[PDB]
Amino acid sequence: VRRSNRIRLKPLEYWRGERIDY
Amino acid sequence: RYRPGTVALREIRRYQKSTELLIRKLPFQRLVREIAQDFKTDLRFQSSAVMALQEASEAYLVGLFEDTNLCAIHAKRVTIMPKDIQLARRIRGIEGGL
Amino acid sequence: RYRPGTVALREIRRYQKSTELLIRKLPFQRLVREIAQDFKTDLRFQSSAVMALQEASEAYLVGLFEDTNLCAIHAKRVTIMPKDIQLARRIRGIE
Amino acid sequence: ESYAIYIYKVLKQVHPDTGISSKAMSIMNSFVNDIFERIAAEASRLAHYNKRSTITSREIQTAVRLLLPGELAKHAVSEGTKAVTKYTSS
Amino acid sequence: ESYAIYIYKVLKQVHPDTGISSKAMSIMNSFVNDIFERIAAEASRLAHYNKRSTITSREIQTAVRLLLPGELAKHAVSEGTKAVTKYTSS
Amino acid sequence: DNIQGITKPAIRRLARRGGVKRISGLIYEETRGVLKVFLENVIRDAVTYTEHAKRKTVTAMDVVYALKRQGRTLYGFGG
Amino acid sequence: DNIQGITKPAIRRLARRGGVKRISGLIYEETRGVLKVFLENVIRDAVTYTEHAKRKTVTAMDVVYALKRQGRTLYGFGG
Amino acid sequence: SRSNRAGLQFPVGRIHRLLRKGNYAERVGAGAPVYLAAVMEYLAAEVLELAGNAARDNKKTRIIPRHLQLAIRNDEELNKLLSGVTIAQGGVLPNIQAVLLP
Amino acid sequence: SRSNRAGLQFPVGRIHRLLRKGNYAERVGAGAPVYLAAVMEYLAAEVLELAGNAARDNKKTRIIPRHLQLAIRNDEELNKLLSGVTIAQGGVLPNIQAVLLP
Amino acid sequence: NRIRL
DNA sequence: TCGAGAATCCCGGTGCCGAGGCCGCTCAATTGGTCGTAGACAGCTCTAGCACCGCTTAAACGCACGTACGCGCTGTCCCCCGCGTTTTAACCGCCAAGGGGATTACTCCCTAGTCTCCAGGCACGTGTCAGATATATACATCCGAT
DNA sequence: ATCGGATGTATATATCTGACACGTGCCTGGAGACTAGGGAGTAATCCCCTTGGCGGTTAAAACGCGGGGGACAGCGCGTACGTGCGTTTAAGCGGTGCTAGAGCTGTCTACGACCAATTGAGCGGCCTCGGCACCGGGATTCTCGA
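Chains as they are written, first to last, in the working numbering: chain A, 1 to 22; chain B, 1001 to 1098; chain C, 2001 to 2095; chain D, 3001 to 3090; chain E, 4001 to 4090; chain F, 5001 to 5079; chain G, 6001 to 6079; chain H, 7001 to 7102; chain I, 8001 to 8102; chain J, 9001 to 9005.
No wet-lab data here; the hints were simulated from the structure. Errors might be hidden in some of the hints.
[Claimed, not checked] Once the Cα atoms are required to be at most 30 Å apart in a straight line, the calculated BS3-like pairs of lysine-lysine come out as: (1) D/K3074 - A/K10; (2) A/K10 - F/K5068; (3) E/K4086 - E/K4012.
Turn these sequences into a full structure, and let the hints guide you.
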């Protein structure tokens, strides 16, 4: 009776930080 | 038997004047193969298609090094460090390297 | 009787938390009028049209100040200077 | 002539208790439009590349994978696939 | 199916002595295309704003003023205006 | 004269939202520059849209079309 | 392993064209990062175009369409 | 109806007309407007849900632009999508640099 | 012909069909493709002229990508237009920072 | 005839 | 300021292949019709953008003050540049397979186009409760003293 | 490191306004039903060019050892920005009023879509040659240790 969800993170940065893979 | 930094200037002007690709063709060739393998297996690349990747890649990198160097000089230093590269991408924003 | 820089931080968090326009309404209104005079004379602006300018302008400046501050800190200093503003725009690119 | 009434329906689905201000409604309305044309243009430009004169579900799906970043594209495709398959039998 | 033969004609007008390599020809050919769609899209988007279903010289002219920087836009308009006026008689 | 309509504390608090601690003196004048430059680019395109529509009144949608035409897309005033 | 296909003097001269004088040691590894990141984004979009055309072979135009779709417009390989 | 047969809230019928008159192609598919309607509705749901959750923390039952801003700028995929766009009177995420703190 | 009546080199006829099949509008004007053809030819001439004179001083009679790069990136108005695009194998303008010299 | 060298 | 040494610019000869000019061969552009409607146009409605009067006071201006931050300079050192030597393998030219892009030939079937029909969704009223507003107050933070 | 005094800030509560939400009447845009064209799915084709093998040449990558020099921490001088308080400026609010001009509507004229027959501009394929890459050798230019 509601709605679903996914995988959320954060700004997560870049230029030095990680990028997401699977 | 020159001075630490003299040859550095020599290679700058000789490469800015030239238009030749600065990275080897074959190592870059197989590099694109590996990366494309993750998205889809058994892919074929046109001879010009790889060149398109190589041109855009070098162009982007050179442009990135320019912005990096500007950040380096701004920090009152003449040597570029990863500290400069990271900031250069952050100021560029998302579209500018992500 | 506080300290030089302590209140500065207090004003930071107080403005980041708010969504209010940081610039006065009326001076900005006529400011848009002047700039528009060069392109076309005798122009009228919708009440929302001027607000649209103020939102985008303020948003852009704040965003610019953020990139500016990073350049300031990169020079091992906490004070922002015109050197930072100019560099921040060069790295951002066009448009 | 907007999506005001539909976003509100979707709102009650995710949150039947809360409501939305007119300012935020306009933002969400500008959002779904900016999502519409962005995908539509990319899909149109996509069919033009392949010399095809028809925009189909296949073009829209490919457009999603190009625009929507990771993990968002996947669920977007699923939500789209689920919809299409329902209107395929009924 | 390109502009290869036309760019060469324009080249000989401004410079009958010099020639152009095939690689650079492709660059100029990509240029006039990137200039074409850029203006065409802007003109189309312009008429869509005014709910007009027709792209005309007026749309193209206004599109030029939006895309071309400044000193280039003026001469581009003049070069465009002169052409249309030629097609009014002959 | 009218460009000085915006004030020193006005710019000062704009930088607070940007998250800065100490602000130089020449900043306020430099900020007036980039503001007048930004407004010039937006309004130029905005008026251009207004003139093409055969109108003497610039509207909110005209500003949106202009802003969105240079990577400065804005939500809340049409779309 | 293959990402090390590009070399240190290769990166070193890429920075020379960028107009730098002295280059740190950690730079070469950092450069390999942004290169693999850049290539992934381009190829991902490039392959996406290829798959939509029902083909197992990526072409030059596919790379052009991908590059142009992210502010990295490229002249010289079609248009 | 069609949107009801699609199990969606967004008007598949209206979207179909916009893809036609919007001059994107000569022939618009039958499933195409349905597919796009499901993507728009999803993203709308994805944003609204995060907005409402950001509204519950502000002790407010009405979603304001500030709530939307907080929602978008805290999700990687959403923030990346709406990177070029700026939310009116949404403010900015409270962020203070490390070296600026006592 | 039409382009000959237009006093232009670029094909007004070919351009006219492109505004039709390109899906920009339902009805494309008669003067519109002529106007656009005059702008395209001008910019093409503008680049070629600046490229060729920059090619003759390099003692070459054939325009290569480096010449085009030198032409565009040395003109204020032109460089701003083609800012986002990169010319293949065009190289970069020789620029050395001030504080890097002895 | 614009700005040039 | 002096000359020795190493690089780049340059002048002329030779050899290579790509660019420029020709040539059939389509097929897309042109001509010349007619038909239908988008839009130029004039009249009308009235929203709303502009402008001055005038009271309130939040906010901008100016000023005196102190500190901590900008910045210059001396010290340490280790790391990156420069050079010569060894090692790797990119580069190039050749030969060979066949996957699959590009192609084409038919024909199905999916979509535009219409008229009728009617309900989804707009405008536009009507009332209420979430929230802006205010105020008194408990709680959280900074700061000087020790 | 601990503590109370002083400042700001989050918190509880109560009132008050106005904007959100729901309501109804209306209409025009979307759903049904039908026909017909032709883009596209589909099968079969041609052959382009991508991939992969051996094998020699050698440009270039890799390795190592000085050591000049720039990255870096420290630190001393001092200007300048922050903080605070009092004086001063106009923004803000709202109120009233006119009218330019956004917006709308009904005309009917001019214009582009459209189709068909025709044909010449333009694409693809083909040599031919001279611009340019290649090269070697000497003139010129920039760098650098006493």
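Verification of the hints:
1. Distance hint between D/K3074 and A/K10 is fulfilled; the C-alpha atoms sit about 18 Å from each other, no more than 30 Å.
2. Simply put, A/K10 and F/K5068 have alpha-carbon atoms about 26 Å apart, close enough for the 30 Å limit, and the pair holds.
3. Between the alpha carbons of E/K4086 and E/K4012 the distance comes to roughly 23 Å, so the proposed pair stays at or under 30 Å and holds.
Checked against the numbered hints given earlier, the structure satisfies every one of them.
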